[PDB]
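Taking the form deposited in one PDB entry, here's one chain by itself in structure tokens.
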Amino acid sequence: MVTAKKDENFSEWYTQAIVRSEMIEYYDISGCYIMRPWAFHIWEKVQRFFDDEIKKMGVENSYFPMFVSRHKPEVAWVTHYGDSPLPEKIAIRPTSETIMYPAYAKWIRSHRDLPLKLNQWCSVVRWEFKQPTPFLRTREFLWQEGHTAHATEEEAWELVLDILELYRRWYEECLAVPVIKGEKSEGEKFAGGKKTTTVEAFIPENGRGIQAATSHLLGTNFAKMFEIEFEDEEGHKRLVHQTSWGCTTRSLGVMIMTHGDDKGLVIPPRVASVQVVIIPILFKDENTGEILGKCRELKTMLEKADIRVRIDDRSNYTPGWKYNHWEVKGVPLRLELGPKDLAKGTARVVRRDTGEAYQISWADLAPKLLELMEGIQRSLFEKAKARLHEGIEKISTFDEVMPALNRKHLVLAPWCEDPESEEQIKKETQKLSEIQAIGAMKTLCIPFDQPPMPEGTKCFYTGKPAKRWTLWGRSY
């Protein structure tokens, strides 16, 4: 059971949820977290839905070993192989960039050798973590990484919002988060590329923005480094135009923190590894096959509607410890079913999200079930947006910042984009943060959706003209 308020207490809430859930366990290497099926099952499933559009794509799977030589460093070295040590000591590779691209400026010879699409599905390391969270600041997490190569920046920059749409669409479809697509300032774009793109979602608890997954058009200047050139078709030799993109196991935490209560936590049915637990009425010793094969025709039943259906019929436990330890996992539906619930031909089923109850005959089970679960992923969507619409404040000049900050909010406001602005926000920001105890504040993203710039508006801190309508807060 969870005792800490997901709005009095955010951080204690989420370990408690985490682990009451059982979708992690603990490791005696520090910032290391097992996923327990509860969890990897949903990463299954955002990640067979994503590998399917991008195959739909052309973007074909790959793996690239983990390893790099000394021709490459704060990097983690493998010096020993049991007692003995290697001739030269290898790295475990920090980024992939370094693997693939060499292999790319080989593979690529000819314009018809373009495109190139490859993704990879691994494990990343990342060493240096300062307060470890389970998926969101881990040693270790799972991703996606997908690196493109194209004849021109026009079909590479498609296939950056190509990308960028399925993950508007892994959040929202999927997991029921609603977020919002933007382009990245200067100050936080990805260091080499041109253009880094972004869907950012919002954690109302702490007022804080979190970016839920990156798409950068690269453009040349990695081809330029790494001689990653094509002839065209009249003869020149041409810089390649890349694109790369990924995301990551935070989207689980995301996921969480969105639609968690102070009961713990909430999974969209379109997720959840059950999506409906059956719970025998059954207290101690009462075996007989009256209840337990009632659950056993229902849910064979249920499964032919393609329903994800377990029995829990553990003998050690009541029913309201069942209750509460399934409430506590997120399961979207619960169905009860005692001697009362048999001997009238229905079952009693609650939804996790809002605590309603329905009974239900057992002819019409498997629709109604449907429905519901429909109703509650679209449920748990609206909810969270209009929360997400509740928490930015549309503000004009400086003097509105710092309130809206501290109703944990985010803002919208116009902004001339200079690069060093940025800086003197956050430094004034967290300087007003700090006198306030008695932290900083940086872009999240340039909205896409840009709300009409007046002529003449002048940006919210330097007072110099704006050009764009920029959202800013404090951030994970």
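Numbering follows the first chain given and starts at 1. Think of the rigid core as the biggest set of C-alphas that the two forms share within 1.5 Å after superposition. Compared with the form deposited in another entry:
Taking the core as reference between these two forms, the lone member of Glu356, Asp399, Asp83, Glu154 whose Cα moves by 2 Å or more is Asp83. With the core held fixed between these two forms, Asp28 has its Cα displaced by at least 2 Å. Superposition of the core reveals a Cα shift of 2 Å or more for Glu286 between these two forms.
Core-aligned CA deviation for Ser379 between these two forms: less than 2 Å.
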Second form
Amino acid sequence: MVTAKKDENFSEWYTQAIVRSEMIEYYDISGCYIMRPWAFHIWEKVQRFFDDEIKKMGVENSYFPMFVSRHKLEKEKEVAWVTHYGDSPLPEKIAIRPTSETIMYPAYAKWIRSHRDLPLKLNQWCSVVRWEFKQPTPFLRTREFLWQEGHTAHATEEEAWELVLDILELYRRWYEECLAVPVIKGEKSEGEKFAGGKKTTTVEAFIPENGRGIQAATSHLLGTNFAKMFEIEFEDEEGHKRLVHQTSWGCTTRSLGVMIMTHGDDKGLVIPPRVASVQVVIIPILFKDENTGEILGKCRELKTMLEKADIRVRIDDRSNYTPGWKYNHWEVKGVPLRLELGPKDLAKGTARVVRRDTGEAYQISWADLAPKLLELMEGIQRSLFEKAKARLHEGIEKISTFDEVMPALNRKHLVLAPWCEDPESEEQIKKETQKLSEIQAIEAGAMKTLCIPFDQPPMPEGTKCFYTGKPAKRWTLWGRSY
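Can you return the structure of this protein in the form deposited in another entry rather than the form deposited in one PDB entry?
Just this one chain is shown here; partners and other molecules are left out.
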């Protein structure tokens, strides 16, 4: 049973919800967590979705080593260094991948010779290690995390860019379609883009309870920069060697954290039906003074009937726990639909169904069960999305000048402001908002750009930048961030 309230101590609530639902286990090496099956099933589901999608684009899976030489890694210049095999020292220390550009792109340079070798599209599912000495957050910021990283190479910048955008659309569907989390597509500022890339696009999500934006996933136009560092060139049909144009793109188990925080409530997790490993839990009522065999046999029949409609069903027929215990047990784990069946329902040929998001209950004839539940699941999914979408739009203030920033941040909101996109102005804004935040804390940090949204509201003609007074260039989404 969860006891911390989501709107009071968000940290403790989140810890309780992910521990008591058996999603996370702690580990003696700080910054790493055990991902138990209840969470891993959701990861498997979104991984299957995305893997199918990119296979339709011709992307193929592969596996590159987890180690990279100091030489290949410093060819492009929080990295963990292997230095010893038990007793023996290594002749040269090797790094564990924080990302695989420097591991893969030498191979790319060998494999790409002609324009007929392009496009080259590879992906891998693995973990990477980014070893920060700061305190971790389960799912959101961990020292090891599972991800996928795709890396493509094209004959033209425009083809590479169209791919960047197609992948960003897949990430939007990953979050919005599967996880029911609303996100904002945008471009990262020059100061925040991937090191060595040309243009970094992102989908951004929002955590209302602490007011923070989080980078949900990233799709980079690398252009020819990595091609120059690794000499990845192809021949046209005329014989002139030309640099390939590259992309890389990544998304991680951070997505699970974002789903939990988005949909959970004071009773615990709420899993969108499209990724719940158990969509319907069947709880028979098991009075001592009843035909228990009949009740359980009807539960098995209903399970078969629902699974023919591709509904994922579990029966909890344990005699040693009361139905109230089971109600709370599966609410904590976030199963979206609970189906109750006792002697009265049997005599009436109906079932009682309770939805996890609102607690609304329905009485459904057995004949109508599968089509009704299907409808109900799509209604839960959509409702989880729309409410989250509402909380997103309520969390964003459109402003015009800088003294509107601090009030908006004290309301745990993001700000959408006309910006000149000068990089020096961004670092000045970060340091001033941090100092203003510290001074406020004394009476009881920093705001950064999150993204330059693709969906730009109207820009009146003479509009000026909210911090420098110079001509505004575009609306930019700022806030505190993970």
